[PDB]
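Okay, here we've got a single chain as structure tokens, the form deposited without this ligand, with questions on binding and movement later.
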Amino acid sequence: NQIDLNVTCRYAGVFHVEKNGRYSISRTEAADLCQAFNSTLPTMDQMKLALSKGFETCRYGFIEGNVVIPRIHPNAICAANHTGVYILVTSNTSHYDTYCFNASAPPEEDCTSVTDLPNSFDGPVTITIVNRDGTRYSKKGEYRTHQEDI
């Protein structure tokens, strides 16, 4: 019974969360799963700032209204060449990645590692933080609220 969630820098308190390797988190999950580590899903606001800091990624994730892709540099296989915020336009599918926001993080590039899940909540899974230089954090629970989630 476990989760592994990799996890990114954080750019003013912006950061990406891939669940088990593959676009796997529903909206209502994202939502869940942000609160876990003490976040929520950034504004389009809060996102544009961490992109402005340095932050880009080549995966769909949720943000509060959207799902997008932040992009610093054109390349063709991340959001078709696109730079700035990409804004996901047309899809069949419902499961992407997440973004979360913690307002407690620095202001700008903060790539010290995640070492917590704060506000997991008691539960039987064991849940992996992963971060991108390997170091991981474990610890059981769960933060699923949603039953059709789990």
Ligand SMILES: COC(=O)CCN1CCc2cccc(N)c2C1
Given for the second form:
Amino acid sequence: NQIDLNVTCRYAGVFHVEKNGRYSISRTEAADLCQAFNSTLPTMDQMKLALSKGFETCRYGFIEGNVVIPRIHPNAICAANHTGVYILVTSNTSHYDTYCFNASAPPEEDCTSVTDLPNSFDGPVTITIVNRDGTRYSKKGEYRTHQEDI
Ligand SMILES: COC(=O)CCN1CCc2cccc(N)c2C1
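I would like to compare: after the form deposited without this ligand, may I see the structure of the form deposited with this ligand bound?
Next comes the full complex, this chain leading.
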């Protein structure tokens, strides 16, 4: 009963989270996951500011209202070579990564590790935060509030 959460640097408070390193988060689970980080789904405006500070990924993830990929550099295999906040238009499927927004983070790039999941609740799951530099933090808990997600 274990979940890995792979997290990025924060850019103007915005970061990316993947669950178990594969697209596997629903819209409801995404909201709950950000809540566990004392964060919210980003607005489009928040994501655009993050992009302007250096944020890009090669992964679809939820924001408020849409599923997006922030892109700075054109890459043929990431968002069909687009730059900017690329919006997913057409998909059959419902499970992606998520973005989250923490208002208390620094205003620009923060590439320090994440060392806490401050708002997880009591539960039986071993939840491990995995940073890109390999640094890990684990705790026993839960964050999913919808049964359909469990
Ligand atoms: C930003 O989305 C990605 O970089 C997907 C690739 N995964 C690769 C695996 C991994 C492991 C720990 C932390 C992070 N951020 C990642 C990112």
